[PDB]
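Here the complex is missing one protein chain, while the rest keep their positions.
Read from first to last, the chains carry the letters A, B, C, D and E; within each, the first residue is number 1.
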């Protein structure tokens, strides 16, 4: 099963430097051209850069020439993008992709968010949303940058789980909520825990929410 | 220049056996598929056999399948054709040829004559054809009579004389033997002074004859 | 065991199979063997306007010995 | 030198060039490293065709990774 | 380099055929393979068609690709259109150096049933109050089509101050989600007897209320 796992996204200062890593598996990595494609929040897909199987042939979009450098290590099964002199307009989710031939991509990774901003990293605080079926959840307030991870009961709860896309507040910080619809009954039996993780600040909060 | 030099042709009996060679030069030998193509006197071209560069694939026309074997010695730039169980209809000039890909030949050799016949080798007798006494020109020649098989070679004064020379295609007589004639047109005023010698080669019987041709007196 | 690290034998227009060969160091060498006389074309058919040929490499094995093995195949055309 | 044992580097749909790589303290001091001529492959018309790619064939060699020649790959079975 | 132009959107009812076209600005289209991609919201692009018309095992045969030399354009066509086809679609091709994506096309499936939004409101937490902060959380789900108006009430009086509302977003069922936050001081929350979220969709207004305990 073809698998591509991007890595090394986070927050960078404008004019700064970042390197991404994609760990490929499920196929003879050395026989494939690879590329990076990006997509700015709410915008279209934009080719970034490509590389031949050997690593001896190199390609870049006009917007990233001389700034970016794509490379690879076939012994370590890894694709790289070296990002120099970053601008606000480099802010995107970056995708790793596998080529059958130059220009023909057959597989995509899950992507990793690059945020080029001058704002400081801020970890969120987590507030429980106490019940009054019944619904309970978490408020993940005042964080920067995106993204955050929420799951329920160490991952064991999936059903009736509804995780709301974040709001951007005028100050420049982010806020989101998760809600779970549970049976009215379970306010003395089941123990509901929300798992809030913010990678960019090394926040990892688990939270019991109760009456 | 690509060059293909075939050898090995000659006279064999029906049922007999014979091996052709083609020494190749001018190109990277083992990267080329090679074929043999044959031609009965006065008739069309006929594909015999083909081989891949590696020698791993081997092809044969239906009329030779099982009797012939093609092969190549790549470390020697040499292509071979083992011919066994030969028949009268196998009588032909055999050409060696370079392929490019299977079935597209780009270069030909100059050929090698294979004669399949129960008739014995016979060297020719060489007779001077004296010039007549009566423009300013006189015709003189050599008659090369009753030989087998083809070919004969004829030159004048060891090759030094080429102008006005005409060697005639041979006639094939009821006997089964060949004859030909070679003639030179020379100035009548040289007949008292210039010696004219024809040199006749018949490599099938390993015979060379040099003959002086004089005016009759 | 070459397949496991390279797809080309299968994705080439002159695809090839690999034969096991044992003995020597290295003890096991894999020889390449073209699947076709033709090359497979833009549709997946065998096209006889070209040929599949082995690419040979002289490798040194084990005193010292140098032998010739087919590394894989290429496609040759009469056109140039 | 391969260049004069074999002709294929020139007549391939994925033709290639060779590069001398000499190393004094190395046996065989001389190795000829192949490099594809094009991104595309030559087609029936004799033109570079980008519906397929020239790719180098890599090999392990006892003395390292070496490019021996190039083949042409398509995106379809 | 070159540009690939495709429409910003196409729309059709279930069962129909839909054609999304993709025009290449310069360079011969048929010199280079064209690929098509599906992106469902919040997800990685998935291939639909590669090399003009090759379909991966796993993609229904309703999707098909073709090229048009003379208009220098390529087309994806989806016969027997279904509500699970709703998504974004990108054409993609290249040249000896660049690879270029189109601007994408949002596909909508018409005649989907109208739906009222589900709303749940939460007061601020005991914890948030201890921090001298208050946030009321209004979560709105399952509405269709994706447009919603939010208004907050301090008792009975409207309030504009301190409202942040997300743009609506598509759920993987094809309906929509939105959230609204109201920031209050601990005194604003406890000053009033009641706070209400009001969510108007198409003309129906659904309204949940919260009050300090």
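Here is the rule we use: a residue touches a chain if its C-beta (ideal position, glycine included) is under 8 Å from a C-beta of that chain, and two chains touch if they have at least 3 such contacts.
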item	value
Given B:22, B:81, B:152 or B:183, the one touching the chain that is not displayed	B:183
Contacting the left-out chain in the complete assembly, out of B:23, B:113, B:130 or B:191	B:130
Touching the absent chain when the full complex is considered, from C:37, C:42 or C:61	C:37
Touching residues (missing chain, whole complex) on chain C	37-38, 46-49, 78-79
Hidden partner chain, residues of chain B it touches	35, 37, 42, 44-47, 50, 59, 61, 95, 100-111, 125, 127-130, 139, 141, 143, 145, 166, 168-171, 173-174, 179-181, 183, 216
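We adopt the following convention: only the chains that are shown with their structure count from here on.
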item	value
Cα-centroid distance, chain C relative to chain D, in whole angstrom	13
Residue list for chain E, restricted to those that touch at least two other chains	32-33, 50-51, 94-95
Residues of chain D engaged with two or more neighbouring chains	6, 8, 11, 39, 50-52, 55, 58, 73-76
